[PDB]
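Consider the single chain below, provided in structure tokens and representing the form deposited with its partner chain bound.
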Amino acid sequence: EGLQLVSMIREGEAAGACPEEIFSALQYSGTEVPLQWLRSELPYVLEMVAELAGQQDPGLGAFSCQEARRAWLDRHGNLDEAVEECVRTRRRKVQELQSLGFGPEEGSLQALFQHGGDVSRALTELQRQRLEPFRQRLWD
């Protein structure tokens, strides 16, 4: 097993080469790309999905790795479909929280990011952030 490839690919990461460029060059060279490296670059793809979703709709806040992973898996790695589903899913949750008196101005966008897009965990965090201002104003 010629493990020369992954060490050279790990050189490219050290020098700062783009994973897509490493992959595209290997495919143009007819070289078998090590599946272990592709699988290990999943976090890079999910960060790619998340920031593309942020570019697609500023004002929905930052997208979590958990939300990008669900969209990306559900769309079978189709990058454009994953970003669109990522955006549509988040907009639904921002509206769901909005319907409970928690809009973007109240910090719902940041609570959805901090909790991977779980509406239940975000609602509990937002309730706490309403309770602490009262605790410190009621005592002072």
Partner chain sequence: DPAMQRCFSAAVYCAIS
Second form
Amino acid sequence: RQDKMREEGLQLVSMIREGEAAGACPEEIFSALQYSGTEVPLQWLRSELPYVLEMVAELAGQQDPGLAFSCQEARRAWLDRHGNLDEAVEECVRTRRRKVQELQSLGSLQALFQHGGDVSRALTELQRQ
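Could the form deposited without its partner chain be given as well, to go with the form deposited with its partner chain bound?
Since only the chain itself is given, any partners or molecules it might have are not part of what comes next.
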């Protein structure tokens, strides 16, 4: 008395195992719980998350234009920040700035958007005429 800590731990481990069995990584389950604590995070990912990633993308694009964001970049920032929307947007625009800076020649922007922030997929596709 009283280590309900172990109860909460077992609960999260349960949801993490269930997520892993459905292809969801623990960061997805935990990010779902931390951003509006849905009692089912598996339903929440498919159900409520798309508009939230769209939110990260809209705020991120509005913050430091022009450097549009892809859904994959917003998702990666969102998961990398365990669901913290402001941190997610900041890391999103920060990582995209890193990716346009990383390119050898361009500035171009369409290539990174079109290939979900993949530096070398946008690099290989933008080598065209």
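Take the two forms, find the largest set of C-alpha atoms that superpose within 1.5 Å, and that set is the rigid core. Residues that one form lacks are left out of the comparison. Numbering follows the first chain given and starts at 1.
Asks: Which of these moves by 2 angstroms or more at the C-alpha between the two forms, core superposed: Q36, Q95, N78, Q55?
Replies: Flagged residue: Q36.
Asks: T124: CA shift of at least 2 Å between the two forms after core fit?
Replies: The answer is no, as the C-alpha of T124 shifts between the two forms by less than 2 Å after core alignment.
Asks: Align both forms on the core first, then report whether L26 has a C-alpha shift of 2 Å or more between the two forms.
Replies: Comparing forms between the two forms, the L26 CA shifts at least 2 Å.
Asks: Give me the C-alpha shift of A14 between the two forms, core superposed, in Å.
Replies: Superposing on the rigid core gives a C-alpha shift of 32.4 Å for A14.
Asks: Listed by sequence position, which runs of three or more consecutive residues have C-alpha shifts of 2 Å or more between the two forms, the rigid core held fixed?
Replies: Runs found: 1-39, 98-101, listed by sequence.
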